[PDB]
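**Student:** So you can see what is in the structure, the chains are spelled out below.
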Amino acid sequence: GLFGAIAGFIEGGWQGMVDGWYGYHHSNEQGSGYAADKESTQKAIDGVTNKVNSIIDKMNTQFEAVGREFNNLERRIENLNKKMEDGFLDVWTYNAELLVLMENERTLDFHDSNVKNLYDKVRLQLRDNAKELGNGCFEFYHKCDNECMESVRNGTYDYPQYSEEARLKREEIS
Amino acid sequence: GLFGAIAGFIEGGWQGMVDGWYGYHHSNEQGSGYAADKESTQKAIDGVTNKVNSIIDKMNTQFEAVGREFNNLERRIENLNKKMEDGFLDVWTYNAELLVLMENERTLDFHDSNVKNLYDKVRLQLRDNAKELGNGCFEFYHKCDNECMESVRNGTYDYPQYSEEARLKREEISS
Amino acid sequence: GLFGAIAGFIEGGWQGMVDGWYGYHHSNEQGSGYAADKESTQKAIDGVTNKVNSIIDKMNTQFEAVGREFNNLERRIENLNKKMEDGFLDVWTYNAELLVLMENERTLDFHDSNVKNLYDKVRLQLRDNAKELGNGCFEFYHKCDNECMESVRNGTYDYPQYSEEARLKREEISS
Amino acid sequence: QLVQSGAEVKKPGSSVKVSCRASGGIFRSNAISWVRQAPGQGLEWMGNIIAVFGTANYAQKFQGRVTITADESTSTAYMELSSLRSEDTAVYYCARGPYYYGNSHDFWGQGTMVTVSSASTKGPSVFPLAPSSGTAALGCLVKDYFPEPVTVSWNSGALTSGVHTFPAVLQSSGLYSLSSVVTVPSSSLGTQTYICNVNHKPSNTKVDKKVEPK
Amino acid sequence: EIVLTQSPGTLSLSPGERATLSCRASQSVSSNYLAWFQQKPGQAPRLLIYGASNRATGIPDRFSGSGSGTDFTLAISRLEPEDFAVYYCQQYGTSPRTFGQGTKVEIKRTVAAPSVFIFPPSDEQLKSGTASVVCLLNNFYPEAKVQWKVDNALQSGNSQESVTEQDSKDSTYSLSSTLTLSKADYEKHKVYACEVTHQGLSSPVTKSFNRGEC
Amino acid sequence: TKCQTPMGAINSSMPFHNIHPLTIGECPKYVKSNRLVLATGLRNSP
Amino acid sequence: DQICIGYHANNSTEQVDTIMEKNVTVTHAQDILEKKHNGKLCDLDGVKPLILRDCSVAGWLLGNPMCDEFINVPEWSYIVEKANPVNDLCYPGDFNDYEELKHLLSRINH
Ligand SMILES: *[C@@H]1O[C@H](CO)[C@@H](O[C@@H]2O[C@H](CO)[C@@H](O)[C@H](O)[C@H]2NC(C)=O)[C@H](O)[C@H]1NC(C)=O
Ligand SMILES: *[C@@H]1O[C@H](CO)[C@@H](O)[C@H](O)[C@H]1NC(C)=O
Ligand SMILES: *[C@@H]1O[C@H](CO)[C@@H](O)[C@H](O)[C@H]1NC(C)=O
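Residue numbers (my numbering), protein chains in the order written: chain L, 1 to 174; chain W, 1 to 175; chain G, 1 to 175; chain D, 1 to 214; chain X, 1 to 214; chain P, 1 to 46; chain V, 1 to 110.
Chain L with its partners taken away, still in its complex shape:
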């Protein structure tokens, strides 16, 4: 992981989530459960669908073609054909083979990027109202039920509503 998401601080991936690529694991008073963030996952797929499209769609330049067509009193010109034909085969193989290898590194890193930005989007909404575990989780200082947590996912979470509940829970431990 370039952004230190996937290989890094989120050691392993939730196998029980099967809605999207990126998402959340709530464990509050009502119960536990996975819930995938479909909006960020959609932008990733829109992106990847567009990469793959762009790698095929741009090469639309192809026309008619042929094979080999000279007699054995013109072997020199037949060798000039071979040089060119072998030549292109070398170029296209190389360019293709590498293009895959290159666009595959960045494609994987684009996912790292999306996951670290999702974790950062949650982190910035709830500054001191939760505790950064380091396994990429967030322990709440206050009670947050299933109707409260949609606000975190939606991104409509009120800091002032639950400010005093956490702040005065903080000095109790210290």
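Simulated from the structure, these hints should not be mistaken for laboratory data. Built from N, CA and C at the ideal position, the CB exists for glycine as well. There's no promise every hint is true.
[Claimed, not checked] Here are the simulated distance ranges between beta carbons:
(1) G157(D) with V191(X): 46 to 52 Å
(2) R123(W) with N54(X): 41 to 47 Å
(3) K17(D) with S202(X): 55 to 61 Å
(4) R127(G) with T10(X): 31 to 37 Å
(5) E139(G) with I56(L): 41 to 47 Å
(6) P46(P) with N28(W): 36 to 42 Å
(7) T49(L) with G47(G): 44 to 50 Å
Fit chains W, G, D, X, P and V with the ligands to the supplied structure of chain L, relying on the hints for placement.
**Tutor:** Coordinates of chains W, G, D, X, P and V with the ligands only, in the frame set by chain L:
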């Protein structure tokens, strides 16, 4: 945004700034105003100017060239010309078209990168002396005038000078 | 620096470390000293060794080949040879020249990435038990000896062990 | 996958440099170590040299008189040894290990014979031994030569079943010497004449010798 | 340094049985970084096992390691012809990285006795002033004692001996002791006798000759 | 060698050369440049 | 007490161009370009090339007296003439499809 700057936590860009690419918006007791960070902007332009240069300058390998010159009793050789000529046209178009698409993604992300690093450079100077809004702004706990704020831009901001002013402003709100 | 490690907040690199690419500088009560993180350095080298391998190994498609063989009553076909041969030379030079320039930017940025992730791995273990200086260092609130610091490198550092020592050192300064 | 230099013969006090070229198309990624072995007795580790940075670590046993360098481009390690004794006479192996560190091993070299006795490259004196009165034994005595090896072709490969070539010994004189014998029935003792072909490569000494009963 | 001791130094086991090599460490071994290696005669070492118990690539399941701290054990379940060789443990937890001193594994056999022979010095060897008397022991199993007697007087300090490798087909050893004297000390005496002591013999066998006999 | 040129002969491990355009055999790719150096380490700061 | 993080640097001079920066001083590096040659023409996979010193192909097939046809090499990989070989044809003339015959004879097995 790869670095979560431009599409991400800084939703939209200051249109009133027209000095540089990246910059600051002060709103203190004396007044409001935009002020662009020219030093980080210069490195970006030095970089981009060099990318574009490098994509043109490296292809300097070009020589003499020609068009077509065979009779209709040598159409076989004329077809060998066509194969080669069409062949290169395919390669160059493809390589060019993609090169643009690739270097355009990274060029945009280089800007994201510069902006997130600028926000991080400010953030690390003033640790608890200001409040991280999340819109990419910083609310001061203490009064910082126009002469104080040059220190943030310059990067010569004293933590110990304004430490007690903020620290003891913090418990007043925490009731 | 894309990740704001090397050019950015860690201005300059430790020359006294000669064990690995990335690492730590301890200065506690027992003494000072450098100590390199071999595990993260190994993954970097495994990666780079594999890039360079992949750029050579994938071009293995090459065959037989030749030079020039037409008389001056066939100069048209000799010019067709030249067009093709010069043509490939142009493509390969360009593709090579750029490939280097492109993979060299990302190779440098891969190092930035590894260093910022290492600093982040330390930062997440010790949240409020140390102070983020901004030169990429960490001032401890509590005493941490040579046996304590192996836990930071190893990554087995106990937050609860030294929690009250730091927390109640924090309010002493905050007056 | 690993290759070492050829045999070298030095006088005591004189120094020796040994090259282990790893491969590796590219700059090396693996920490070369060095392990010697004095004939008969077991393995003695010497020193390791990490890949990318060129920093070596040696054993406290040698330290002041051994140095191992690293040539990055060709991915070759070197091994220099200073003020050589009689007991440094050994077979020296380089060993690469799975990554720069250096810790476990995995791929071992070939080796390099290094003799430290200060002797002339004299040919081996072949003398005919006789059988003294079912199954009897007779063979070629090969005395006073330097240095190894000495391969023996009995009848140019015609009789090779039951031949035992003994490993040599260093004399008080300071010269190598060994024996070689073959068991054969009395049916062809005074009928088929047996002749051995002693080689010795470093002097080119080609002198055969007939074997007869007295 | 951390000194490693192996045991037992020689195992005598039949094809099929289990072998159990030990490796004790003078102090604990840092984090289970110990390795085993196999060396056959003439060849360079193989890796067997690293990290105490992890097999290396291209190795049967019968080789398996265990232990921790100070005591380590390598076990081979079903011995086969190819496994009879020397086995070295090494620690690589800290510099210097040391080896055990060789725990060999040889084939067990029915106790066979040595066919003792003797060779006087050749007439052509006495021309060069030195006299070599050879005393051969052929195809036996297992250790032995060879003593020289010149006019029934027990010699010591003027003789050296060499031993072959355990044979391919019958699993026996062969030995060749060589007594070295000047022509001055050879023509001094008449009776030259070689007394062999072995397990498979009920009493000590003696072979001899007198100087200048047919 | 694995390939030949009028000037000399080439090893052909690496994938580009700049020796002579007209070669015989499994040569790498002829490129009109003097330097193609690849980065492995990181920025050296004095 | 402190822990501060950083990255290696040594005494290397080797500059490397990148897409956004030029002449950047870097710790380590690898050459990708083959710059060197042994300067003496060699076998192609065990096969002796046919070297014609003062002689052309035409003069070698026919028995040109001035050069020698003692070359009883029964197998080759490529032919090596010189720029202008001194003995093309003692008796002046022309060779028909010379270039094609040249190509045919360029690589022979037996
Ligand atoms: C985004 O999430 C919030 C989470 O509160 C949603 O707000 C609630 O809408 C329900 C609908 O019945 C109402 O009962 C309340 O006004 C809100 N919930 C609570 C617990 O107060 C909101 O509807 C979501 N918005 C969009 C546009 O999807
Ligand atoms: C500096 O680099 C040179 C390269 O020639 C080398 O000889 C030397 O050992 C290095 N010196 C230091 C002090 O690291
Ligand atoms: C890079 O370095 C060389 C000297 O080795 C110099 O001639 C050249 O001016 C430099 N190039 C640029 C673009 O600055």
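**Student:** Hint by hint, note whether the structure agrees.
**Tutor:** Each hint, compared with the structure:
1. About 40 Å separates the C-beta atoms of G157(D) and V191(X), a value inconsistent with the hinted range of 46 to 52 Å.
2. Taking 41 to 47 Å as the suggested C-beta distance range, the pair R123(W) and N54(X) conforms, at roughly 46 Å.
3. Checking the proposed 55 to 61 Å range against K17(D) and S202(X) shows it holds: the Cβ atoms sit about 57 Å from each other.
4. A C-beta distance of roughly 60 Å is found between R127(G) and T10(X), which places it outside the suggested range of 31 to 37 Å.
5. The hinted window of 41 to 47 Å between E139(G) and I56(L) is violated, with their beta carbons roughly 54 Å apart.
6. Remark: the range hint 36 to 42 Å for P46(P) to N28(W) is upheld by a beta-carbon distance near 40 Å.
7. The supplied range of 44 to 50 Å is broken by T49(L) and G47(G), whose beta-carbon atoms lie about 28 Å from each other.
Violated hints, listed in ascending order, are 1, 4, 5 and 7; each of the other numbered hints is respected by the structure.
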